[PDB]
Amino acid sequence: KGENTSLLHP
Amino acid sequence: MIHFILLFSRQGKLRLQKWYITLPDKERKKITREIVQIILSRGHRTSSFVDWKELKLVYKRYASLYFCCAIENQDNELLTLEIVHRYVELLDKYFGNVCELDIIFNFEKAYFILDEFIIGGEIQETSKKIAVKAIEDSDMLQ
Amino acid sequence: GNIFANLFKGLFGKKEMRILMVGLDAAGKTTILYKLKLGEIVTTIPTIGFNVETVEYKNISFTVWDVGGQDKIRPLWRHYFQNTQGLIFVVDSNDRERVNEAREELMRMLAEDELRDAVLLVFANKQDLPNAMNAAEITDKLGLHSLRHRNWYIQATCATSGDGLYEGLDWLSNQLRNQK
Amino acid sequence: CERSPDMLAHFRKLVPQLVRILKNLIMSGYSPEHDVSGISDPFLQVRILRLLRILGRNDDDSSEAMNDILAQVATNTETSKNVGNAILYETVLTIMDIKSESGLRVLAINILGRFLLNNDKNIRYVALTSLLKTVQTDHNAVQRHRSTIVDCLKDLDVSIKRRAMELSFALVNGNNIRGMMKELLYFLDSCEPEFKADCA
Ligand SMILES: Nc1nc2c(ncn2[C@@H]2O[C@H](COP(=O)(O)OP(=O)(O)OP(=O)(O)O)[C@@H](O)[C@H]2O)c(=O)[nH]1
Ligand SMILES: [Mg+2]
Numbered sequence: 158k159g160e161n162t163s164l165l166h167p
Numbered sequence: 001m002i003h004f005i006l007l008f009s010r011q012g013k014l015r016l017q018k019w020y021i022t023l024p025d026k027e028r029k030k031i032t033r034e035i036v037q038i039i040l041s042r043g044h045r046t047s048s049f050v051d052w053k054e055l056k057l058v059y060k061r062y063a064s065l066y067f068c069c070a071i072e073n074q075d076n077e078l079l080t081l082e083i084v085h086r087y088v089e090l091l092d093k094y095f096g097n098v099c100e101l102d103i104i105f106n107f108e109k110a111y112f113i114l115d116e117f118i119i120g121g122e123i124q125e126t127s128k129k130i131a132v133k134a135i136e137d138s139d140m141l142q
Numbered sequence: 002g003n004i005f006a007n008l009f010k011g012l013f014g015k016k017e018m019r020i021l022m023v024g025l026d027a028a029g030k031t032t033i034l035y036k037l038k039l040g041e042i043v044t045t046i047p048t049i050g051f052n053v054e055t056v057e058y059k060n061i062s063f064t065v066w067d068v069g070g071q072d073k074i075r076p077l078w079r080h081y082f083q084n085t086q087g088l089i090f091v092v093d094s095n096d097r098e099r100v101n102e103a104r105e106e107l108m109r110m111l112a113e114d115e116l117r118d119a120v121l122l123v124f125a126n127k128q129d130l131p132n133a134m135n136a137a138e139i140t141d142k143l144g145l146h147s148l149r150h151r152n153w154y155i156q157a158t159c160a161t162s163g164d165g166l167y168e169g170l171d172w173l174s175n176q177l178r179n180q181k
Numbered sequence: 202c203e204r205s206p207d208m209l210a211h212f213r214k215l216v217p218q219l220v221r222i223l224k225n226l227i228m229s230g231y232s233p234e235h236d237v238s239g240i241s242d243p244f245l246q247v248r249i250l251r252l253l254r255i256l257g258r259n260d261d262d263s264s265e266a267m268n269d270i271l272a273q274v275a276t277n278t279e280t281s282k283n284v285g286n287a288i289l290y291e292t293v294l295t296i297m298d299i300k301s302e303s304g305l306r307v308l309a310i311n312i313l314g315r316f317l318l319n320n321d322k323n324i325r326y327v328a329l330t331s332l333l334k335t336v337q338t339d340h341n342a343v344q345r346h347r348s349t350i351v352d353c354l355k356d357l358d359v360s361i362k363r364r365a366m367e368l369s370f371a372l373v374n375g376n377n378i379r380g381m382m383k384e385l386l387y388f389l390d391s392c393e394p395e396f397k398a399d400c401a
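Line order of the protein sequences matches chains f, u, Z and T.
Converting from the first sequence to the deposited numbering requires adding 157 to each position, the first position being numbered 1.
Quick note: the second sequence, position 133, residue 133 per the deposited numbering, numbers continuous.
Converting from the third sequence to the deposited numbering requires adding 1 to each position, the first position being numbered 1.
Converting from the fourth sequence to the deposited numbering requires adding 201 to each position, the first position being numbered 1.
Check the hints yourself; a few may be wrong.
[Unchecked claim] Here are the computed distance ranges between Cβ atoms for each label pair: (1) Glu34(u) <-> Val336(T): 25 to 31 Å; (2) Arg213(T) <-> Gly40(Z): 51 to 57 Å; (3) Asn73(u) <-> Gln273(T): 24 to 30 Å.
[As the list claims (entries may be wrong)] The following residues of chain T were derived to be distant from chain u, with all beta-carbon distances above 12 Å: (4) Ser348; (5) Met381; (6) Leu389; (7) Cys392; (8) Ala401.
Quick caveat, the hints were computed from the structure, so don't treat them as lab data.
From the three backbone atoms N, C-alpha and C, an ideal C-beta is built for every residue, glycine too.
Please take these sequences and the hints and turn them into a complete structure.
Right, dumping it as structure tokens:
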């Protein structure tokens, strides 16, 4: 996928 | 000021688009395609800065979807990166765990946040909490 | 677990709070601490080390640790910075030459990551002569309005008169305690 | 001020107010609001630096009034984060574009040289852009980075390589032209297809 991941991971 | 800011995914799909310069629709599409090709055809050690068409084409994506900005050669390069990071942080705070799927569904909200943050390519809200509070108040109006 | 004992203690008052006594020498910090603890203008020798005292007001025992403004005692304020929840800066509006030194000391004290939860507490000491500035000129000179993430308030307190100490204590209590 | 120069004199009277505002902002190194990466009001600081660089660019009073602020910012700012590096670059650009003191120019040159050795691609690009902008100004001091400019041509960054080539072209003088001719020919022979025409 790779779309559900957070943009900044915070 | 920022001539145009567009959010494009890794596969080439564009999740956001905001140009502060009036250009033809065909010309705008060609410029967006060229920017996507340059970003898609650039490595991770290119400094995230491209001087395309005499514009500071700065590409810096923290996830699969990347972000691009076009500013004139009259300000520092790090300022654009700082503004992009601040906008990303504000969007994440407004949404909460912002992902690629949420960006497509929240296109109107993202456009409203971008309009309330930067207007005409220039910075309009230096603070990060005031802009969020204003966006929340506008959303709560109905 | 049960919190019945905590509720019973809080029903009649259990909060105490803390405070700090720092500033330049001859700035009324020792006099301010004596007025808070005792309430009289008593002449004392310069604080070579530090003064420890507690004041009970509004059911809260706000202990203030007075620190001298001496050169040999200025660097000793870091010892009291450990396990400290408040910080009070003593300004000398009547000492123009020492105003810069007091401002530098306040900036150095506030420029430490350890002293971050303690809000700014600036008291306009020496408020008995016409040369004393107002509550806005001192803050503007010290740049307290630009200290973000710090609850700093400018209050004018005269050691000889004692007026303004209650306002400063109330401001400190409001900054520390945010309950009804 | 940038649109017309008639308001430069009228807008130059507020230089002390801007200097005082910048000093007050620098005094508070933390910011609950707008303070990111340890820099409080980075946008405000950048705007102040840009105004100082564009204000009094051909006057001595304006440069002298903001000389102390520029000196304080050049030494009271940490470039560990991106905001600090951008602020330092903006201050260096303002000092170079204004009639600053010799010490300010030396400090700006030292900052540019230090940023040139940084391994970050963005930092290297910023240093190359600053060197290219400060080509005519402090040209003698820019000659100390000839080795860095030559090495930037072989860098694996398209933007970095372009900046290095531009700096080398702008740094060609009447004495290093003969020496730099061989380097330019070698770069053109072994250059990218998009840079061969530009190199020629
Ligand atoms: N007489 C008088 N003295 C004042 C007044 N306001 C402030 N002061 C100062 O308060 C000082 C009292 O001295 P201390 O009790 O030792 O307290 P301090 O000012 O912190 O001095 P140190 O303890 O040595 O740091 C005097 O030396 C005065 O300079 C005032 O209204 N009248
Ligand atoms: Mg004392």
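Against the structure, the hints come out as follows:
A hinted range of 25 to 31 Å for the beta carbons of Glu34(u) and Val336(T) is consistent with their spacing of about 29 Å. For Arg213(T) and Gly40(Z), the hinted distance range of 51 to 57 Å is satisfied, since their beta carbons lie about 55 Å from each other. Evaluation of the 24 to 30 Å hint for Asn73(u) and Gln273(T) yields a pass: the beta carbon distance comes to about 28 Å. For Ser348(T), the non-interface assignment is confirmed: its Cβ lies about 20 Å from the closest Cβ of chain u, beyond the 12 Å cut-off.
For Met381(T), the condition that its CB be more than 12 Å from all CB atoms of chain u holds, with the nearest at approximately 22 Å. Consistency note on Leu389(T): stated as away from chain u, and its beta-carbon is indeed over 12 Å from all of that chain's, at 20 Å minimum. Every beta carbon of chain u lies more than 12 Å from that of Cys392(T), the smallest distance being close to 16 Å; the non-interface claim holds. Its beta-carbon lying about 19 Å from the closest one in chain u, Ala401(T) satisfies the requirement of being farther than 12 Å from that chain.
When the structure is compared with the earlier hints, no violation turns up for any of them.
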